[PDB]
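Asker: Given the coordinates of chain Y, work out where chains A, E, F, L and D with the ligands should sit on it, guided by the hints.
In case you want the letters, here they are:
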Amino acid sequence: XXXXXXXXXXXXXXXXXXXXXXXXXXXXXXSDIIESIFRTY
Amino acid sequence: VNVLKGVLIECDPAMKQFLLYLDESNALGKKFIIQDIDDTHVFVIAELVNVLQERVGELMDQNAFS
Amino acid sequence: XXXXXXXXXXXXXXXXXXXXXXXXXXXXXXXXXXXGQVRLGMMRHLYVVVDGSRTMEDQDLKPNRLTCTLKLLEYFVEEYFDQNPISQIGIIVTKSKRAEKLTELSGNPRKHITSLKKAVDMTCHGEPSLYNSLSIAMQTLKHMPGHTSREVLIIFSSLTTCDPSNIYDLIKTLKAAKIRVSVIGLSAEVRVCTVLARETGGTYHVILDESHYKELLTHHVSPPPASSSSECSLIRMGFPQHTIXXXXXXXXXXXXXXXXXXXXXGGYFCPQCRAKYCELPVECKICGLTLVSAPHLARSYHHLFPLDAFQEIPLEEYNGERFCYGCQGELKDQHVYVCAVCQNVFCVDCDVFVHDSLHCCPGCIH
Amino acid sequence: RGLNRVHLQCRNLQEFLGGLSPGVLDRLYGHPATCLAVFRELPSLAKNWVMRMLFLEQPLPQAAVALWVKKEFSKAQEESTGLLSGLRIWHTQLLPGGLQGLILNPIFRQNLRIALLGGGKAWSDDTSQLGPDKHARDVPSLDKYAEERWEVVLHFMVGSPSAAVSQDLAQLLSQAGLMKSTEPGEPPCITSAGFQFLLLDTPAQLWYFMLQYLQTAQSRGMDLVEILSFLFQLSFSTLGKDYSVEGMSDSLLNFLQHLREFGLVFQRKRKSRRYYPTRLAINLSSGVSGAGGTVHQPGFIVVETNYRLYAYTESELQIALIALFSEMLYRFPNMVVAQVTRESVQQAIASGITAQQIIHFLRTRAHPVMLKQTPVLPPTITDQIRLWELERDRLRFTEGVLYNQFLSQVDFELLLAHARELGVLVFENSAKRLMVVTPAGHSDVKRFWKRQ
Amino acid sequence: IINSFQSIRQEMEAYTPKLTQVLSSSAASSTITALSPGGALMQXXXXXXX
Amino acid sequence: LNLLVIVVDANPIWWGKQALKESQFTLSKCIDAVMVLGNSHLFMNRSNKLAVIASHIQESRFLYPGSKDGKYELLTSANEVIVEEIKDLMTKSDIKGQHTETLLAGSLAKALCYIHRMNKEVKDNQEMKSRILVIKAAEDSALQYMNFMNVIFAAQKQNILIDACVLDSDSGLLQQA
Ligand SMILES: [Zn+2]
Ligand SMILES: [Zn+2]
Ligand SMILES: [Zn+2]
Numbered sequence: 151x152x153x154x155x156x157x158x159x160x161x162x163x164x165x166x167x168x169x170x171x172x173x183x184x185x186x187x188x189x190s191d192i193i194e195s196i197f198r199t200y
Numbered sequence: 002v003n004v005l006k007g008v009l010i011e012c013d014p015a016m017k018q019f020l021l022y023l024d025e026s027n028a029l030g031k032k033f034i035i036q037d038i039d040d041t042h043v044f045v046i047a048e049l050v051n052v053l054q055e056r057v058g059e060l061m062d063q064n065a066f067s
Numbered sequence: 016x017x018x019x020x021x022x023x024x025x026x027x028x029x030x031x032x033x034x035x036x037x038x039x040x041x042x043x044x045x046x047x048x049x050x051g052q053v054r055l056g057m058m059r060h061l062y063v064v065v066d067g068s069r070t071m072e073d074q075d076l077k078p079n080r081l082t083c084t085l086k087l088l089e090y091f092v093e094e095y096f097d098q099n100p101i102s103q104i105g106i107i108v109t110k111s112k113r114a115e116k117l118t119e120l121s122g123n124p125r126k127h128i129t130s131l132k133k134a135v136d137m138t139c140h141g142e143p144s145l146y147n148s149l150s151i152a153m154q155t156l157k158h159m160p161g162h163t164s165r166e167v168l169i170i171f172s173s174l175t176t177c178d179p180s181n182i183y184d185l186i187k188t189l190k191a192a193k194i195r196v197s198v199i200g201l202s203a204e205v206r207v208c209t210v211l212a213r214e215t216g217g218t219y220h221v222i223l224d225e226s227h228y229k230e231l232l233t234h235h236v237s238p239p240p241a242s243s244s245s246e247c248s249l250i251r252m253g254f255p256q257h258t259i260x261x262x263x264x265x266x267x268x269x270x271x272x273x274x281x282x283x284x285x286x287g288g289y290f291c292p293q294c295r296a297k298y299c300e301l302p303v304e305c306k307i308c309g310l311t312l313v314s315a316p317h318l319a320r321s322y323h324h325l326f327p328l329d330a331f332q333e334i335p336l337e338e339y340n341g342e343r344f345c346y347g348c349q350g351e352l353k354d355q356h357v358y359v360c361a362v363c364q365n366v367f368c369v370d371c372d373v374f375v376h377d378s379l380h381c382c383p384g385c386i387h
Numbered sequence: 007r008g009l010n011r012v013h014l015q016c017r018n019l020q021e022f023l024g025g026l027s028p029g030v031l032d033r034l035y036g037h038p039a040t041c042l043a044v045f046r047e048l049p050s051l052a053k054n055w056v057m058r059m060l061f062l063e064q065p066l067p068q069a070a071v072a073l074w075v076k077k078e079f080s081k082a083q084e085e086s087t088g089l090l091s092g093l094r095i096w097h098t099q100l101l102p103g104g105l106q107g108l109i110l111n112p113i114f115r116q117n118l119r120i121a122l123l124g125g126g127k128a129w130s131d132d133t134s135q136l137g138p139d140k141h142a143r144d145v146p147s148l149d150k151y152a153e154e155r156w157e158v159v160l161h162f163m164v165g166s167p168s169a170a171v172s173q174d175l176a177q178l179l180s181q182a183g184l185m186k187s188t189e190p191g192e193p194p195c196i197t198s199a200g201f202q203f204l205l206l207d208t209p210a211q212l213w214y215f216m217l218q219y220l221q222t223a224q225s226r227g228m229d230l231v232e233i234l235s236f237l238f239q240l241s242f243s244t245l246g247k248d249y250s251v252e253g254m255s256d257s258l259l260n261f262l263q264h265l266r267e268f269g270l271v272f273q274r275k276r277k278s279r280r281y282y283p284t285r286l287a288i289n290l291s292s293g294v295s296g297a298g299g300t301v302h303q304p305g306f307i308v309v310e311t312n313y314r315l316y317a318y319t320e321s322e323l324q325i326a327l328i329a330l331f332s333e334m335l336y337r338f339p340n341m342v343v344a345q346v347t348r349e350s351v352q353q354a355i356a357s358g359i360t361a362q363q364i365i366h367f368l369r370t371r372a373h374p375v376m377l378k379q380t381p382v383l384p385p386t387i388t389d390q391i392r393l394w395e396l397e398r399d400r401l402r403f404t405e406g407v408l409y410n411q412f413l414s415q416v417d418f419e420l421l422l423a424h425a426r427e428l429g430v431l432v433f434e435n436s437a438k439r440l441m442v443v444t445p446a447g448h449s450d451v452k453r454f455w456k457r458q
Numbered sequence: 400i401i402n403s404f405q406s407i408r409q410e411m412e413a414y415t416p417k418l419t420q421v422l423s424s425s426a427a428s429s430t431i432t433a434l435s436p437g438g439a440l441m442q443x444x445x446x447x448x449x
Numbered sequence: 008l009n010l011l012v013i014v015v016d017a018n019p020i021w022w023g024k025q026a027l028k029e030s031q032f033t034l035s036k037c038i039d040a041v042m043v044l045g046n047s048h049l050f051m052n053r054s055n056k057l058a059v060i061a062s063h064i065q066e067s068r069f070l071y072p095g096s097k098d099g100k101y102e103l104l105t106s107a108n109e110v111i112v113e114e115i116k117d118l119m120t121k122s123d124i125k126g127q128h129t130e131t132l133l134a135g136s137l138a139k140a141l142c143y144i145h146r147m148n149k150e151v152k153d154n155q156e157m158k159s160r161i162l163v164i165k166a167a168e169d170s171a172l173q174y175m176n177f178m179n180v181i182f183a184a185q186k187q188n189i190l191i192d193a194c195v196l197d198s199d200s201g202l203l204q205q206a
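Chains as they are written, first to last, in the deposited numbering: chain Y, 151 to 173, 183 to 200; chain A, 2 to 67; chain E, 16 to 274, 281 to 387; chain F, 7 to 458; chain L, 400 to 449; chain D, 8 to 72, 95 to 206.
Heads up, some of the hints might be wrong.
Stated by the list, open to error - Okay, derived cross-link-like pairs now, BS3-like style, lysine-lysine, Cα gap no bigger than 30 Å in a straight line:
id	chain 1	residue 1	chain 2	residue 2
1	F	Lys-140	F	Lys-150
2	F	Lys-247	L	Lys-417
3	L	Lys-417	D	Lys-149
4	D	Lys-186	F	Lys-247
5	F	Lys-76	D	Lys-186
6	F	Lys-53	F	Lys-76
7	E	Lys-77	F	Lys-76
8	F	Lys-452	A	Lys-31
9	D	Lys-186	E	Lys-229
10	D	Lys-97	D	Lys-121
11	D	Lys-152	D	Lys-186
12	D	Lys-149	D	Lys-56
13	E	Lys-126	E	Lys-229
14	D	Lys-186	E	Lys-86
15	F	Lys-53	D	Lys-158
16	D	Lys-149	F	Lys-378
17	E	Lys-297	E	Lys-353
Since the hints were made in silico from the structure, they are not lab data.
Okay, chain Y solo, but in the shape it has when bound:
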């Protein structure tokens, strides 16, 4: 249907799942986090 027939909704801790680090100011590359921020805010 789609990539997963939908996406992963922002459950909670979309800022604190792998917080500020795709390893503060660390790397930022996690797909769930950027898509959940794109939906959420």
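Answerer: Frame of chain Y; chains A, E, F, L and D with the ligands shown alone:
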């Protein structure tokens, strides 16, 4: 050629050279080992084989004490 | 911290025996089985949705919940294909807010149990998604024909049911798409699974033990009765005879297979398309016919002319027939079981054997 | 002990009956008890083949016997055919071309058919009429009598103050190689064969009694044939129904009262006309009592991973046996607590016990909580027992004769080839010409050297 | 029904020959001839020539 | 440890027509071949067990369950009880008209539950394998097919093998089983 009717002794090489050591010390009465016919096998005078049967196990247990 | 005081004594010689017998009798229980002379859904595309949540890794069971759940699903696939041959199973692990069709809807236990032996080794990361799992199960179960009681079994553990959309429009759709969803729950009662179960048509249950969870999966093995909604059609069926290599392969038809195969000399044909199948029963891969050997209709005839109850009486009670009519043995216990129609005599071993396996009274045949 | 040590080998009724005279065998099958008793010993292939060919008067060719078996099993097939042939069941006849016909020995075949169907003899059962007998004996009291008498013999071997053996049986124990009398003012000792006899199963012990009893049956005017027919007549009898004696010779009376001394048969009086075949006499069979449990007595030794034996049985005999292969710490009126020390097993092999006796002893008396394990013993303990016996048994002795320092090398392989020719080769050399031949078979090659 | 009930009530009164009646040996020889691989009940089957 | 359960289709109408045929082969040699097979099975090993059932037209009565003439003793007692049981069964008999074709589903049901209880008798050391011989000589009624498949699937689950010697006529349900 030189027909000797000794007794074959089959072991593992550790006890083979333990028998060689024990025969060099002459702890069963005579130089009871004739020659060394293999990497494994030994020859022994037939009548000291019973004192061998006791004292080899007894002296191996005595070597692990000092 | 003082459980040691649970052992009392009156004469202390058989009184410790009485306390041990009370404990050993209170550590066991009997099942609750229901009978019905009602329509059942006998062609049955069931579709199993397992959690792969974070709460699958919790150790409430003796191994973690993933391992016990998966072991009883291996037993479930075994007994369901042992009892309903026409039907099919498909397995979705629901993991990380997304749903994954782990094993497609097929009708042989080898692929499913192989996939469960694989799925022991998984990770169980993230929160589940009931939306996407019911969406994949709906997407496959739209276009099965209308006489199939299309059923989903959600073995569901966690509490945060992290959907990506609204899951009351799914329940309205699945209400209109005449599917039936039943949820077996772990550790709690969740309102959304309760609404889903009571509205789609299914049944919701929560788990105490190993034994209670086995009783629930055994309850979902049997074909559940139909609503006033499901279509009562007449599916066209095919009954292919077995065909060996005709007369020492005198003008045979050497084929490979039809779903790493060798050279098939003979076997099962199809009466619609004249293809080559090794195993029967198999839905026709290129026609849409369903192929039946017809003991596979006779393997599930006991649901239609079912058993009755045994009149259970423990006491001595007028028994002029001392021996078991089942297997010709004495009744050395105080449980005597007497049938309804013939009213012969049976013991406990004949009770469990007749009501679980043989599925008929030996008296009423005579 | 310049030979090898006394390894107690049970014959299992094949090496006994295979190795006799065929006239003795053709007399031996003259009672249906012996035909059933040799029948049940057979492997299952030979079993089914005798029951196939039983109702038949024609010598079937060799092709059908080789052609009754699927292809994969020919390695496990020729043993059954050869065992039927050597035991004088299949005597070979000829179809009138060249097909070697095979036919069952009509004495053996006729008496098996008497064992299955009606017969012309009467199994030596008799009763004039004697009803409920004066002091009729009860079945658990027959069990008690068996336990009492055979444990008295076992205590006599152990050397208790319960030495109720009546000195013909002690002479039998000295004659079979078990209790050696030395310095004849009456110490009866135990040979190492006696220690290996103790740790054995009860049907294996009784059948070893009957084998070494009939090994010296040339002494008291005994014949092997009638005694073995009476043994196989005992072990195919029933505890309940009662027998009579009328129809037996006087040497049979002497053997039956000697057998009463064994405890295998409960008499009432010496001049009586009745015997009760005891529960020891029925389970007389060349076989194994089990690996987890015994029909005689349920197992009682719990062997935990602590090398820890929990014996739930009060008996001075079995306490002495557990004292043989272990060392014992606690004794309660229900239980004995023992520990299997390395030094305890090394004492149990200094007196001479190969530790398959020990492991099978513990498997025989395995307690019913120790069951429901598929390896009924903990394999750490069992493999440790085997490693202890392999530390104790590290010398292998052989009397030989030396050939050393030959003058050439062609005569080296010539002497080696003549040794291989007459089957007297023992050990060879490749480099330094150091050969070992059999010393008893050396004089052949020695006189060959004086002939070249 | 009545004829067969009469004949089998008369039949199962006198009973048990065990040595004599059961097998003639020629029938057993013909049975071994049949179950040999070139006779009846050995259908020349399980060939499957590929 | 093995368990042969012979089932002999004692149709009195069929063997009555066979005994009025004045052939060589009557019911006496049938039940005698049954007993020689039974004594052979008990004879092959000490631990073997035997049970012999006789399907009559209206009842599944079991047949089974010193040495005067030279047999082994328990073989003699088993042969005596099988002989006396068929003499009590077939001679003292009845006559009805609506139900005259023989049955096989009920005797197989008794055999299945008998093997169940005798497998509960087995202790943990040993394990019982089992089979059911069916010696059929009559024509099976079609009317119990609904029943008959069920006992086959019970023998499918309980891992009991089924063998069949049919005497006169082929039988599709029994070769099916
Ligand atoms: Zn098709
Ligand atoms: Zn009934
Ligand atoms: Zn019963």
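Asker: Could you grab the alpha-carbon distance between D:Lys-97 and D:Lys-121 and see if it respects the 30 Å cut-off?
Answerer: 28 Å, holds
Asker: Run the distance test for F:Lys-53 versus F:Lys-76: straight-line Cα separation, threshold 30 Å.
Answerer: Holds: F:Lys-53 and F:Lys-76 sit about 17 Å apart, inside 30 Å.
Asker: Does the alpha-carbon distance linking D:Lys-186 and F:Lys-247 stay inside the 30 Å limit?
Answerer: 42 Å, violated
Asker: CA of D:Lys-152 to CA of D:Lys-186, is that 30 Å or under?
Answerer: Within the cut-off at roughly 21 Å; holds.
Asker: For a C-alpha distance cap of 30 Å, please report whether E:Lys-77 and F:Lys-76 respect it.
Answerer: 49 Å, violated
Asker: F:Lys-140 and F:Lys-150 were given as a pair; does the straight-line alpha-carbon distance stay at or below 30 Å?
Answerer: Between F:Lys-140 and F:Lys-150 the Cα gap is close to 19 Å, so the pair holds against 30 Å.
Asker: Is the straight-line distance between the alpha-carbon of F:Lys-76 and that of D:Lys-186 30 Å or less?
Answerer: Holds. F:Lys-76 to D:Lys-186 sits at ~29 Å (cutoff 30 Å).
Asker: Hey, D:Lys-149 versus F:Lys-378, does the alpha-carbon distance stay inside 30 Å?
Answerer: 15 Å, holds
Asker: Would the hint linking F:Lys-247 and L:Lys-417 be met if the CA-CA limit is 30 Å?
Answerer: Given pair F:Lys-247, L:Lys-417 holds - Cα atoms ~24 Å apart, limit 30 Å.
Asker: Can the restraint linking E:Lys-126 and E:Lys-229 be considered satisfied, given a maximum Cα separation of 30 Å?
Answerer: 22 Å, holds
Asker: Keeping to a limit of 30 Å between CA atoms, is the pair of L:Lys-417 and D:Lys-149 held or broken?
Answerer: 35 Å, violated
Asker: So if I understand the rule, the pair passes when the alpha-carbon distance is 30 Å or less; does F:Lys-53 with D:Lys-158 pass?
Answerer: Roughly 19 Å separates the two Cα atoms, so the pair holds.
Checked against the numbered hints given earlier, this structure breaks hints 3, 4, 7, 17; the rest are met.
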